[PDB]
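**Student:** These are the residues of each chain, in order.
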Amino acid sequence: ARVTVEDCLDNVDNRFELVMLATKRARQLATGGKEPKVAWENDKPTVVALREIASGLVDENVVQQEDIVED
Amino acid sequence: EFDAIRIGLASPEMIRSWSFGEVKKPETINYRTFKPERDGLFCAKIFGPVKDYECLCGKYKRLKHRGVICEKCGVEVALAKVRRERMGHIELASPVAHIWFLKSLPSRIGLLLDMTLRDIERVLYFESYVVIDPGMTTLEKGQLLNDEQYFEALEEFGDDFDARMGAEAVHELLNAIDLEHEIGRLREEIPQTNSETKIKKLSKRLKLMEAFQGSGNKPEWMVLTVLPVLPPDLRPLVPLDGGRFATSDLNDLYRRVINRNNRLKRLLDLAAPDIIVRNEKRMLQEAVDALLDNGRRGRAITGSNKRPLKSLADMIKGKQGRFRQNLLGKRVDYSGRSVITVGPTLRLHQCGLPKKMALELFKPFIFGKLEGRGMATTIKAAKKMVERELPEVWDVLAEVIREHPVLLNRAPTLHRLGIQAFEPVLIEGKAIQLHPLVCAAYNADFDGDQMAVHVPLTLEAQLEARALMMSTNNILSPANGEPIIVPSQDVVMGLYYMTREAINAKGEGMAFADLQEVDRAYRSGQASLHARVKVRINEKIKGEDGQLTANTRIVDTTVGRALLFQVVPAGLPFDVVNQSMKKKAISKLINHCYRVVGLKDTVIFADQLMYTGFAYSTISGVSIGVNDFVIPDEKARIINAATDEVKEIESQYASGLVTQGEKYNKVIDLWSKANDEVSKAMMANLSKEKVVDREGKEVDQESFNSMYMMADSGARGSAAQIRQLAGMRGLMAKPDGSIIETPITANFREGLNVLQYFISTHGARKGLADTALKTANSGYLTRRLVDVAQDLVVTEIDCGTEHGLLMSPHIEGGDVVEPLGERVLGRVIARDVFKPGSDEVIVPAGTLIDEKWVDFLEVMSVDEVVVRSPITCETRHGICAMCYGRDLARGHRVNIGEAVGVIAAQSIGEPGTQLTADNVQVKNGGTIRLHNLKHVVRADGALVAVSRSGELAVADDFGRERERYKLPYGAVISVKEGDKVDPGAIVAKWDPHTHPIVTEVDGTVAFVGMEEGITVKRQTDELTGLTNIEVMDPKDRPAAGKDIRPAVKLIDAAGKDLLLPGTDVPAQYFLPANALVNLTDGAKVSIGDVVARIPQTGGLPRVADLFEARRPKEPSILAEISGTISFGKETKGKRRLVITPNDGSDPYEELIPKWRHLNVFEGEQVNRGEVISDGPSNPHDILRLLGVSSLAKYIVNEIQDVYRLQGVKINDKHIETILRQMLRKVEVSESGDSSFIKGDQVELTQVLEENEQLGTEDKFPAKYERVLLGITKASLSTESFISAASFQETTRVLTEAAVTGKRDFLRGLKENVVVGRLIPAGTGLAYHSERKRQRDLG
Ligand SMILES: [Mg+2]
Ligand SMILES: [Zn+2]
Ligand SMILES: [Zn+2]
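Residue numbers (the UniProt record's numbering), protein chains in the order written: chain A, 2 to 72; chain B, 16 to 931, 947 to 1126, 1135 to 1376.
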């Protein structure tokens, strides 16, 4: 379970930066080998990236910090 | 990676740079071998190679040879795809003039040389001579020479004379154009003239000179000496079946030019005379002209073919150009289509997809999953596994579609909800299983309709389908605030039968300890579905902020209403399910559930209502039979009585008592009365027929009838359809527009006759043929609305303005048809509202009014509110987020980047397919307050009104206006001001037949010049029925007395002169024709004397003509300045409507026609916003005389009146959004600072007023005035030329943008679509924002 699109969009309330924030995080979980903070519940990286937005684990500065350590 | 796509004229030095070689021979290929010949239209040396990495000879055919070019017969080794990019050029021996810059609406060559279009066409055809550098000769450069006049020029002058003829002369006239000198001559000769016939000619010629100076385009480039050659792959010569070849219409055109160019080059070296060489150069003109464009003065070649030809310009114009064909459609991959099918077991976020379609749509995703899992080594082996349909492939397909959404769209996409995303599941069959609840937004029935599918590939598009385009996200309508996903007729039927209280049923009066005991008693068959019981319920209340407190109470409800409360979320009370659950009651519950518990608990609640409605509608086997259409037993007593009342009239028609028209209105109004009498007697017998027995009785309850339940619950059917099944059908219409005398007295249960059935076919095919126009006219309206409001998008978060329009409820009539509850819901306040007290405000500042603030304003007596609107916003190139509001599919306000201009045009064009005074009396009881009505109290106790700009209002005890009535001039007022009115009694009386008059002061007044022989005539009725001074017509007057007019002179009783205050001239008013004088000569009343009595389209085309701001067929006449108006001369042919301003010294005289019957009189002062003559008024003069606040009120309320009549409802933000783009251009009244007399945009006029004010200039005398443009003229004002070439003419917008060097940017929506870039609206705003801060900054 844990599929909430309104809970993740309740904090930002833009519905446009959420798609941009989840895009930069979905590629890290698919390419590069980044381990997600939430558990793998047999979900695709596109949906499991939205769980970290609703739970507040990742943010705008969290994705930028995790990608800068790899470069 | 590119920006600012610029366009300009092509120089001969740049045309040679695009080309890779010159073509010299006109052939294409060899007859024996199919190889491109050298120096031809198809040549592998100039263009690219034919085969991949291989020349024509074959010396180099490998990858290691790229820059090596063979010398014997080979070509440059390339990828064989450069044949689309390589170009050629033909160096013409004689110059040719471009027809695009010659044959258009403006003469680009004529205005540049001060020459006529016909005269230039005369020199280009070698018929007349022109003079170059006349100088000291006897003729002017504008004077032409003939064949006999040119020979004389070389005899008298000899020296200082040079004359040419043909295209070389036009090329020479543009060499010495003196661009830096001609502008200096036009600047010193423009202010000398004063006639407007020469201002528009010299200014239009001046603006073209500065265009050729700053852009860099030289006037010499308008005529070309070398033309480019289209690449060969764009004009393909491909073979067909059977050895037949097929070429394009440009190869024979390119061959015809080369055939004539080489013939002219050979005719020059043979020393041929001028008689033969002037005709060959003339043929080369129309040879290149027919290649560029067709349809001009040069007729295109037509050989062995019906259609004339397809030239170069015909490929980008003519409703079939390559630029316009792609804007209306483009085939895509990863798509498919199939019929739709209802699936009642699916969730709201998922749909059914066949296995045969999922294998083809997700084919690339399976090939990548088979290699990653280890089932296939290569992609060639993985493809063969799908063709065999191996069992292990189904396990892979089930994993690639688990979280991958797909897009479904119906063919007619009228609004935004036409495309929604679903999670596909694998189903067995060939039909797409659709959810029953999403069928209302799609407007899709199960009659064989098809639905297209699409697969988003990138994860950027997959996140947009889940977060934006999901079916669970767009649960509310984008046009209103009401839910669009509501239970349809089949679900609302099961919820209505379940919650339907009965009088006596099984298990009535028993008590239940909880809701689980109710289901346990119903499933055992020991309790009816609807019986009066008492059940203890534990509910939770969300009314407290952050406190979900539970309450346990004992309620008195039925069994079915208790089972329905099991699916209701915890935040809602029980009083929401104690009703009968009609369709209008369920939609209001889903809307209330969305604002309390949110969205997650609502998408799972709308699915429970569909499961509960489908379950309890099947248990009750409702069915329609022949006995369900009950017929009232009193229908025969009304039809037989109405038939006898017409027989007594037909006898009077044969006796001569009534006429044909008098009998028509008698029998039409008679059957209309009997039709309503049967309808009210049918619904009374249909609704209260079910009888029951309670401990012994005959009690009447609501009818448990199948035909009554389907109409009461709102599932399907209305009062107009049940009327034709049980009651009489009534009177039928006619395509001519009249009503037939004989009605249809039979219904569909009893059956119709042969003549009664043929009559009903008139209105049947009239409504069916009307639907063909409803899809052609409304589709043309929603397309014009998008072309205007496409660039409008939310860009700024806060504008910082305080301007706004006032919002008041519609109090027209008896009650408010649309109160302030829904007119202010979702709009930010502009100014702080004040209580009747002092220093007490309701709202603190500009705040978003939600459902919690609507009730806070209903408790108070606040009636007016100043809200923000897009038509009053100050954000340049966009619209503010705070000025829009929160009326959308979301609960919060609009976000930055939302294209609010496209959702506004789709909200108006979607419901377009559904579109086609003697006395006043106060209805309710309250105080009477009059505003802007200056009255004079008489001696009897009555009031007389002299102005018409005001109206009468009914003040409620709280302090709110709920009734507004309009009063004509001279309307006698019965009640006073500040008293309690009587509900049902009159308050004022009027006279719509004869316009009354008013007197300023009392005195012995007598008619001057009334000899009763020429001017007036003493008329007497029968038995002294008329004893007054009756006026006569102007046509009946004599020829000598026609100049003199009867006038009344007001004099006081003492003999002194009486003059009205504020006006020098006394109150001397002339009596018009057809007037009666009640007061005698020398005796009148104290006040209120009527000296003279003056006697007296809808639907879809109405909304279309209202957005265009068209002038009606009979425009109304309004006043300009507030002053005393007067008449002029009537025997001349017109009417001089002179008026003297009483407050200011500025007389303004205007003329008026005589066929338009005026309603104003002589000697009455009129205001600025007062209407003189009756009739519809165009929205143009209402903007100038009143302003923009009155225009936004008249346009919105007039468009809503067309939509509110049909039942649909659209928010006011969508009409004010389109109105913002129409009120965009401005016009200057005075000249001196602008270029021409016309106006420019208000965004450019405002940015120039701030630099001129806080600069070298002190004042800003360059003022302006607001103008209104239609949805057709406002769309033409587009700074871009890429997007302007779509809906406008292509060949007209390309010649204008070329001569000015218009560098077009891509800061819009329509430009980035055909180019291929991201759109600035939506998620693409982050791409255009990250580039602006890195281009103009660091
Ligand atoms: Mg259908
Ligand atoms: Zn070769
Ligand atoms: Zn604003």
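Derived from the structure by calculation, the hints contain no laboratory data. We put the beta carbon where it would ideally sit given N, CA and C, even for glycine. Careful: at least some of the hints might be erroneous.
Covered by chain A, per the in silico footprint, the following chain B stretches (three or more residues, Cβ under 8 Å) [said to hold, decoys possible]:
1. 166-172
2. 408-422
No more than 30 Å apart at the CA atoms, straight line, and that leaves these computed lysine-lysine pairs for DSS-like [what the hints assert, rightly or not]:
3. B:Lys371 x A:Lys45
4. A:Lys25 x B:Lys1263
5. B:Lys233 x B:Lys215
6. B:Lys371 x B:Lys395
7. A:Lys25 x B:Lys384
8. A:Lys45 x B:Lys384
9. B:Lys233 x A:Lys35
10. B:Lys371 x B:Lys332
11. A:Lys45 x B:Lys1263
12. B:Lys1065 x B:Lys1167
13. B:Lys332 x B:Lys1370
14. A:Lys38 x B:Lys398
15. A:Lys45 x B:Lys280
16. A:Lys35 x B:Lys378
17. B:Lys678 x B:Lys705
18. B:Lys1311 x A:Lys38
19. B:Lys378 x A:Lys45
20. B:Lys384 x B:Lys395
21. A:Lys25 x B:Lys215
22. B:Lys39 x B:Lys215
23. B:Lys370 x A:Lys45
24. A:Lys25 x B:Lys1065
25. B:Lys395 x A:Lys45
26. A:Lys45 x B:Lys615
27. B:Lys76 x A:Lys45
28. B:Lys1311 x B:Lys1231
Sample of chain B residues lacking proximity to chain A, with all beta carbon distances greater than 10 Å (derived) [claimed, not checked]:
29. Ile22
30. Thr360
31. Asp460
32. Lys615
33. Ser876
34. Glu889
35. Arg905
36. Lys1170
37. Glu1290
38. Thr1361
**Student:** Decide, hint by hint, whether the structure agrees.
**Tutor:** Right, here's what the structure says about each hint:
Counting residues of the region 166-172 of chain B whose CB falls under 8 Å from any CB of chain A gives 0; the rule of at least 3 is not met. Here the region 408-422 of chain B counts 3 residues with a CB under 8 Å from a CB of chain A, which clears the bar of 3, and the coverage holds. Distance check on the hinted pair: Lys371 (chain B) and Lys45 (chain A) sit about 23 Å apart at the alpha-carbon level, within 30 Å; holds. Using a Cα cut-off of 30 Å, the hinted pair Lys25 (chain A) and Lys1263 (chain B) is violated, with the two alpha carbons roughly 43 Å apart.
Between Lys233 (chain B) and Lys215 (chain B) the CA atoms are separated by roughly 24 Å; this keeps the pair inside 30 Å, and the hint holds. Between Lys371 (chain B) and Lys395 (chain B) the CA atoms are separated by roughly 21 Å; this keeps the pair inside 30 Å, and the hint holds. Our distance criterion of 30 Å between C-alpha atoms is met by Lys25 (chain A) and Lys384 (chain B), whose separation comes to about 23 Å. Proposed proximity of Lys45 (chain A) and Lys384 (chain B) is supported: the alpha carbons are some 13 Å apart, at most 30 Å.
Taking the CA atoms of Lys233 (chain B) and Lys35 (chain A), the gap is near 60 Å; set against the 30 Å cutoff, the hint is violated. A threshold of 30 Å between alpha carbons decides the hint, and for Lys371 (chain B) with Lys332 (chain B) the separation of about 41 Å lies outside it, so the pair is violated. Annotation: proposed proximity of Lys45 (chain A) to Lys1263 (chain B) is violated, straight-line Cα distance about 51 Å (limit 30 Å). Distance restraint check for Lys1065 (chain B) and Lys1167 (chain B): the Cα-Cα separation of roughly 15 Å lies within the 30 Å cut-off, and the hinted pair is therefore satisfied.
For the suggested pair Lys332 (chain B) and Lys1370 (chain B), the alpha carbons sit about 35 Å apart, so the restraint of at most 30 Å is broken. With a C-alpha separation of about 37 Å, the suggested pairing of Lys38 (chain A) with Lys398 (chain B) is violated against the 30 Å cut-off. About 71 Å separates the Cα atoms of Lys45 (chain A) and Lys280 (chain B), which puts this hinted pair outside 30 Å; it is violated. Of the pairs offered as hints, the one joining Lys35 (chain A) and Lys378 (chain B) holds, with about 28 Å between alpha carbons and a cut-off of 30 Å not exceeded.
Of the supplied pair hints, the one linking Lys678 (chain B) and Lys705 (chain B) is violated, its CA atoms being roughly 43 Å apart against a limit of 30 Å. Taking the CA atoms of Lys1311 (chain B) and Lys38 (chain A), the gap is about 56 Å. The hint is violated against a cut of 30 Å. Taking the CA atoms of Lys378 (chain B) and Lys45 (chain A), the gap is near 18 Å; set against the 30 Å cutoff, the hint holds. Our distance criterion of 30 Å between C-alpha atoms is met by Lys384 (chain B) and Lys395 (chain B), whose separation comes to about 14 Å.
Distance check on the hinted pair: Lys25 (chain A) and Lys215 (chain B) sit about 58 Å apart at the alpha-carbon level, beyond 30 Å; violated. Proximity of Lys39 (chain B) to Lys215 (chain B) is assessed by CA-CA distance (about 47 Å); at most 30 Å being required, the pair is judged violated. A distance of roughly 21 Å separates the Cα atoms of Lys370 (chain B) and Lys45 (chain A); the hinted pair therefore holds under the 30 Å criterion. Using a Cα cut-off of 30 Å, the hinted pair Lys25 (chain A) and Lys1065 (chain B) is violated, with the two alpha carbons roughly 88 Å apart.
The hinted pair formed by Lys395 (chain B) and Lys45 (chain A) meets the criterion: a straight-line CA distance of about 27 Å does not exceed 30 Å. Distance restraint check for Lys45 (chain A) and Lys615 (chain B): the Cα-Cα separation of roughly 21 Å lies within the 30 Å cut-off, and the hinted pair is therefore satisfied. Only pairs whose Cα atoms come within 30 Å are accepted, and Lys76 (chain B) paired with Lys45 (chain A) is rejected, the gap being roughly 47 Å. Distance restraint check for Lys1311 (chain B) and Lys1231 (chain B): the Cα-Cα separation of roughly 22 Å lies within the 30 Å cut-off, and the hinted pair is therefore satisfied.
Listed as a non-interface residue, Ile22 (chain B) keeps its Cβ farther than 10 Å from every Cβ of chain A; the least gap is roughly 33 Å. Consistency note on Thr360 (chain B): stated as away from chain A, and its beta-carbon is indeed over 10 Å from all of that chain's, at 19 Å minimum. The beta carbon of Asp460 (chain B) sits about 30 Å from the closest Cβ of chain A, which is more than 10 Å, so the claim that it is off the interface holds. Interface exclusion of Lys615 (chain B) from chain A breaks down, the closest Cβ pair being 6 Å apart, not more than 10 Å.
At the 10 Å boundary, the C-beta of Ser876 (chain B) stays outside the reach of chain A, the nearest C-beta of that chain being 34 Å off. For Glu889 (chain B), the condition that its CB be more than 10 Å from all CB atoms of chain A holds, with the nearest at approximately 24 Å. Taking the minimum C-beta to C-beta distance to chain A, about 8 Å, the non-interface status of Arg905 (chain B) is violated against the 10 Å cut. For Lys1170 (chain B), the requirement that its beta carbon stay farther than 10 Å from each beta carbon of chain A is met, with the minimum near 68 Å.
Distance to chain A confirms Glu1290 (chain B) as a non-interface residue, since its nearest Cβ pair spans about 39 Å, more than 10 Å. At roughly 5 Å from the closest C-beta of chain A, the C-beta of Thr1361 (chain B) falls inside 10 Å, breaking its exclusion from the interface.
The structure does not agree with the numbered hints 1, 4, 9, 10, 11, 13, 14, 15, 17, 18, 21, 22, 24, 27, 32, 35 and 38 stated previously, though it agrees with the rest.
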